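Just the one chain here, laid out as structure tokens, in the form solved without the partner chain.
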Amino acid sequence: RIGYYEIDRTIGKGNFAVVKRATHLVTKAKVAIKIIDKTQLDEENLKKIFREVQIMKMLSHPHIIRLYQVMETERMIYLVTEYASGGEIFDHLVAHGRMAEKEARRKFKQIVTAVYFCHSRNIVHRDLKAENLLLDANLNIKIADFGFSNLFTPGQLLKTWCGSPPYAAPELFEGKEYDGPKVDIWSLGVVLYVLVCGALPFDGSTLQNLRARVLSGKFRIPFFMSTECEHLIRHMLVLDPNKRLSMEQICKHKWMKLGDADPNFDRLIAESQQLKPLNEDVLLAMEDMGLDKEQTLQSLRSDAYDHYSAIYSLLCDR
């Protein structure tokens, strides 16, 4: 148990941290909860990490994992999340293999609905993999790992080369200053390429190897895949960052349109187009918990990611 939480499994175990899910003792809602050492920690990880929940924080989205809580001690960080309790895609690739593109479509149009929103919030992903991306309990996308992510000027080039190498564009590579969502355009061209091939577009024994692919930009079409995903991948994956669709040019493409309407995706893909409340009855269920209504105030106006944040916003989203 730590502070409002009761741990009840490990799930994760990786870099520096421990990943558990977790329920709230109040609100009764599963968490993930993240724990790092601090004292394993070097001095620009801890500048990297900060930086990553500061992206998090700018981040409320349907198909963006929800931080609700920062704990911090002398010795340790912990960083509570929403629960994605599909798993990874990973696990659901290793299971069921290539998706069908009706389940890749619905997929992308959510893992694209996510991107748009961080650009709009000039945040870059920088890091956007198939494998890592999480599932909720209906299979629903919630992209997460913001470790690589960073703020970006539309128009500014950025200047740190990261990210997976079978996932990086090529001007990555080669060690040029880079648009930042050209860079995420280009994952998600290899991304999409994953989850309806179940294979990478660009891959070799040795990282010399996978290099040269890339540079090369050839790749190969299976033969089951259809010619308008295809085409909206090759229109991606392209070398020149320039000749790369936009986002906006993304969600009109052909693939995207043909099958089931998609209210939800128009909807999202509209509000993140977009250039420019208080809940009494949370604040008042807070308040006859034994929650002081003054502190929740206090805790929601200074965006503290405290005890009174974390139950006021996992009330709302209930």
The other form holds:
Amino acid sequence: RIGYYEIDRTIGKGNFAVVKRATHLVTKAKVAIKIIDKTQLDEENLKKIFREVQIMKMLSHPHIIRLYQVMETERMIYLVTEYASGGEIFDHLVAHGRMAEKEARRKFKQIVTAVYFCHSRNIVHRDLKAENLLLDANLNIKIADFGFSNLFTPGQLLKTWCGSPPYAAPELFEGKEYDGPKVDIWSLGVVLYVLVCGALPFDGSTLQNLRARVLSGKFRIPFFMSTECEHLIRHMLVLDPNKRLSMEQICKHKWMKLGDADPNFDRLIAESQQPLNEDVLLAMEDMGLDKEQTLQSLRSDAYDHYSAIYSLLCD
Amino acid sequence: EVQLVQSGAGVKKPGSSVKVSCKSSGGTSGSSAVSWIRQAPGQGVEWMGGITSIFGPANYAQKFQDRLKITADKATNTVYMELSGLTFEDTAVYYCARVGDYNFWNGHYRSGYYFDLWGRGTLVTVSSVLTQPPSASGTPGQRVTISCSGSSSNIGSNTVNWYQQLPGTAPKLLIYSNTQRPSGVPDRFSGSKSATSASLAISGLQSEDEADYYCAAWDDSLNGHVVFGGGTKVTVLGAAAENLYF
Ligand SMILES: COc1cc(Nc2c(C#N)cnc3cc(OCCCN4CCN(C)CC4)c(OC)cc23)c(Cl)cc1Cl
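Having displayed the form solved without the partner chain, please output the structure of the form solved in complex with the partner chain.
Zooming out: every chain and molecule, the one shown earlier first.
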């Protein structure tokens, strides 16, 4: 239907795009496909799609959605990524309400691990929201949609006022040049609140009303929320960006250290502070694909027919 | 054709939690904006929560945030409501109501928060802002007026809606968006909004109009909520004595 992909159904939408589930014809695996029509796109929008792709190519992490292939025709651009079977966290909150702090701590640990790794590779998401935090088949977080993402240098100020309004930091609304990671830490605070409360800390009927709420920095802490969790959120949702917790301080918070000892979380946050599958290559050789050409597509970050098949087969 | 079917009535012991369902059956099935509104015996109607913005999963009224959980099964078109830590004050009729203009919401459009469709109600019993006159009256044929005073954050900023509630029934939309009348409402009923106050006028009063009238508006205070009036019991009095010389 579209290259080596037979399209199943529309699973979501995006800026001038439609996301559709599809099946790889040679590997029978499921993928997500963003179909962008280039006819409704301008020079600035096309550059914002190239940057999104170039950022997704730099990020290989267990809690980040993996880009497999990029296909481009004279009128269309298709982005093929791994399929998050469980869908958005937002839809899971609509179905079951607020998450228990034990269950929320597990997901939040996964969410910060991915965001820490992004900041590690000098990248800021800038669009963290419940509808962008997807779940795999085992209900584990997979961060997605790097449309607003950008590269940063520590100590620099960004000038792109983008993000999901309910999760956007106050400085974004004010049009102030900001520090990238601090904007993501505000978003993470909102994410943690919506996970444990099943509602937003700042909400309104219109964007004008939402903005007024975000700029006030005042929000209700419900009775069910622990004093340890309240402390963490109150130290992330701080109007002055400099008085917000750092990603390292968030990881070592009393709420984060609560419950059972998690050495797997520690060995993943330490990895951010920094083989070839010959069996797959033999199977690809049988399908009529050259071993040296497969290696050359992997070496060059082409994200072509050979890149996608190796990646899909490694599951 | 489209109707909200609620779960049956029940008795809960104090401390326990109650779950109420609201399945959308008939006609235009798809996506809706169901809210949960309760009414204690002989008391006014009160908004508890529901979907009221394009931004978040659910919005709860400050009073109910701590004990309410509002969920939805999109697959079966059923919307749930779970109220925990029940007390004798929670004995009431729980209604589910759909916001009429959901299909226009886009973050810029300001919704009217008028309740299009309502469920029959679920009676849950525990055992072991807007100023409206409490009552109004008039003889048949007269024009009775009900006032509804508010603040800048509610009536001053949002549209006013009016609901008529007959005995043993859920409230029904009477006036939406300050002056509009849904199909079925006669020309006798008319609304009006001025600064932070609203008014309902029932011209040519009929015995069939003896009902409770509630006024409502969105309030932008806190994360937003729909506020209701205390209610007005309109009583149709007996016609005046007739002079026999004319
Ligand atoms: C590839 O292009 C992009 C795609 C995405 N979006 C997704 C990616 C990715 N990535 C991965 N996996 C996703 C899975 C989704 O839902 C899966 C389950 C749906 N079921 C359908 C019907 N049944 C009834 C129940 C639920 C989903 O829809 C919400 C979007 C996903 C983004 Cl955010 C950005 C880009 Cl650039």
